[PDB]
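This document opens with one chain alone, in structure tokens, the form deposited in one PDB entry.
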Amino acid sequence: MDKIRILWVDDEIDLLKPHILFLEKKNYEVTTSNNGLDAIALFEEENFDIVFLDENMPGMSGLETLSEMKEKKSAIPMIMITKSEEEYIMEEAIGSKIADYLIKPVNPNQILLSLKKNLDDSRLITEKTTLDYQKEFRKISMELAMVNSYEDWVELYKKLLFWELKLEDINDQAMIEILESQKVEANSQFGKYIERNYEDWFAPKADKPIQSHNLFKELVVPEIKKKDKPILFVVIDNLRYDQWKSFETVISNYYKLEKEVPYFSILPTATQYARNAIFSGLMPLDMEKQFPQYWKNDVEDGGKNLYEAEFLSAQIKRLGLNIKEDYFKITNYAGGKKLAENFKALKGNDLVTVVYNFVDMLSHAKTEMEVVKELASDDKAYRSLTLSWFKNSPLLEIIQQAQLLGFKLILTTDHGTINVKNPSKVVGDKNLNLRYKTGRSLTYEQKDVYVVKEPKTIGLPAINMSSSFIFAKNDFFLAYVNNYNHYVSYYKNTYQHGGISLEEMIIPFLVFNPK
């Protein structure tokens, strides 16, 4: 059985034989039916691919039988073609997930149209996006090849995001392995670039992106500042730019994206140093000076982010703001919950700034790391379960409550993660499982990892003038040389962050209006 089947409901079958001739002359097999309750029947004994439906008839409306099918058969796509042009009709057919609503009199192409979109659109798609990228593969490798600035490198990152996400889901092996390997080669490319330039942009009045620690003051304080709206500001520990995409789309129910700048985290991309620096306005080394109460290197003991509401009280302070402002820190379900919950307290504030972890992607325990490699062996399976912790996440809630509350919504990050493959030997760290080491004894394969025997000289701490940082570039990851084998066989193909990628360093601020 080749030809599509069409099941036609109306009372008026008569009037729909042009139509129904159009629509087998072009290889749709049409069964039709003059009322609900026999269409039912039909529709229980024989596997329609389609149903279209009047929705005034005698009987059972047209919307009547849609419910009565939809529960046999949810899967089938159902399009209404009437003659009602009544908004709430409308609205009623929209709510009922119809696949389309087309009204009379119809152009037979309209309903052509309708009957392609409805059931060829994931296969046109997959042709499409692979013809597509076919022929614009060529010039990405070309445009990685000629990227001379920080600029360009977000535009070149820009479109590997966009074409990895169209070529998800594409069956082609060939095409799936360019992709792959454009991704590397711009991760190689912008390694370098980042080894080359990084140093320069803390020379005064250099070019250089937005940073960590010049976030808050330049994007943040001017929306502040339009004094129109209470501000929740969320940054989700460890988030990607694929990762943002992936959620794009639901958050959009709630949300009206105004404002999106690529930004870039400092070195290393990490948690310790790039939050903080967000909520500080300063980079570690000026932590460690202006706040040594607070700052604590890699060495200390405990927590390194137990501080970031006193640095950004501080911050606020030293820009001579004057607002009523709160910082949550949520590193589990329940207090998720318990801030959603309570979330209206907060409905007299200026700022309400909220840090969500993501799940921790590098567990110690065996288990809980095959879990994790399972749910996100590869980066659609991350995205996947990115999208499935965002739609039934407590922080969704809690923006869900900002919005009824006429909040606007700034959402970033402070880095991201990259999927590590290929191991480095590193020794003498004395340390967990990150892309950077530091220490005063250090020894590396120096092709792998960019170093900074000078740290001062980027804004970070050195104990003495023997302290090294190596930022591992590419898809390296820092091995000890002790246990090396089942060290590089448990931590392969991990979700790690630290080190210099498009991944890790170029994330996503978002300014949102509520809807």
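Positions refer to the first chain, counted from 1. Between two forms, the rigid core is defined as the largest C-alpha subset superposing within 1.5 Å. First, how it differs from the form deposited in another entry.
Comparing C-alpha positions between the two forms after a rigid core fit, one residue in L112, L319, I323, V184 moves 2 angstroms or more. It is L112. Put the two forms on the same core and the Cα of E454 is off by less than 2 Å between the two forms. With the core superposed, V299 shows a C-alpha displacement below 2 Å between the two forms. For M465, a C-alpha deviation below 2 angstroms is recorded between the two forms after rigid-core alignment.
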The other form holds:
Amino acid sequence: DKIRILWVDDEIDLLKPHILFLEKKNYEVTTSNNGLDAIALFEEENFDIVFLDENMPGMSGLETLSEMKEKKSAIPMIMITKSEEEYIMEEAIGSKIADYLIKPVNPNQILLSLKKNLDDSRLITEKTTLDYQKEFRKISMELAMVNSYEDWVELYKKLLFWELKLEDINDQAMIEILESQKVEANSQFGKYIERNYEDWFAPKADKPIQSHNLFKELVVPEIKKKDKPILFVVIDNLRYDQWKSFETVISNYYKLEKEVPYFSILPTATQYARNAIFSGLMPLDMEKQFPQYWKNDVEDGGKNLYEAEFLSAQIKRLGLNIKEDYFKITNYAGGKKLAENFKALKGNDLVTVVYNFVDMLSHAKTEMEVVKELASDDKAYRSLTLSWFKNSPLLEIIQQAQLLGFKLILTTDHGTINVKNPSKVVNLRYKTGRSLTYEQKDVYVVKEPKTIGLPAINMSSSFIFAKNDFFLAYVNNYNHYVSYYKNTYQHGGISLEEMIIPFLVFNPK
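Output block for the form deposited in another entry, input the form deposited in one PDB entry:
Shown below: the chain alone.
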């Protein structure tokens, strides 16, 4: 079927050369010399695109466009006109024109416009697929040369870039090559963490910023500027690719000043990593210095009940002079309440908000059929996250902060990974106990938890952390475990997805 063009111009007779040109290229052109007759044709037929002149004796192009868009708002409209006035450009852009071509127009300019507005999705698919075909071997060589935490950050950024570009391609071979590069990257990263993690605790060790350093190394310098009040947001369980998915939404309100990828401590779980952010201490030092607040895995109830108390203690230890408030948002109603009353906080130096909803979406993928239909794969997960963020009380809180001239600091405690591969053992990405059987190739084994700043019941206590996209399955119910936990979002172990996470500073626009 030929592409059907409706061309409205009072001088459509003088445009015969253009018409013959497009008919040679397999376009069907229907001509009209006035807006009113063009509207009648547009109502009766299903054109693929309309060309409009601006200056016509009866209805103008923009008047014709208004009527046509009201009737069928999905059909692309191009203005083709002698008018060079900026006010007409702005009126046409503001009316959602697809393109605006100034006469005299090269017939190939029109052809470009037809291809760009009707065939761009297929052309982007074809071009992206061939770009990755020509790039993927270079990405395998770059992966092979990684030999520092900074190279790991750079390589992760490269994989995220290609993951987002390839998400809608059709070529399964190329899709599986990207999936094989992600598996190899996580396998190498797993080995890197296993070999370096304990050494990173040595005096004057060369190490990335981690959970227990985050507040002192990256938040306090922004506080000491005393330039604007700071809204410090921890979005629980946010992956780097989720941050990338709503980067352009945020930029409507906030201009990115600084981006520091940083490393979650082990295990990559709220009770350890998120408490470490707020305390500025490793879990073992939280147990030693704050026994009234620190809870081990075995103890009852909430594991992050005391973040305000950890934070106030850390602020005092650092000798800061600030007015500071902490909020934990656990549902829509709480978020909406804080958004509507945020102005109360205008005289704070620091407002800290923990927002738990993504964590809720991440285990809702397995448990609620609603979220399961909405988040079947990583593309669907980022899509649902973006829809969430754009319509969330959290973005209303951020817009309120913007109007009050707050600096925005946005971060997370850890990410999550879509687990594929069972690993037998006697949380599905770390386990702690005094008797444990495991596949040693699959896990990072820590026989002496105190050497990596974790608590131990006794000298027999071990930690086990899953690597790659492994999930720790009990032998007891192995087949049912595999069937239930396959393709779910888990955290606690080692992967780029769980461990390398954004720290972002923005100025209000």
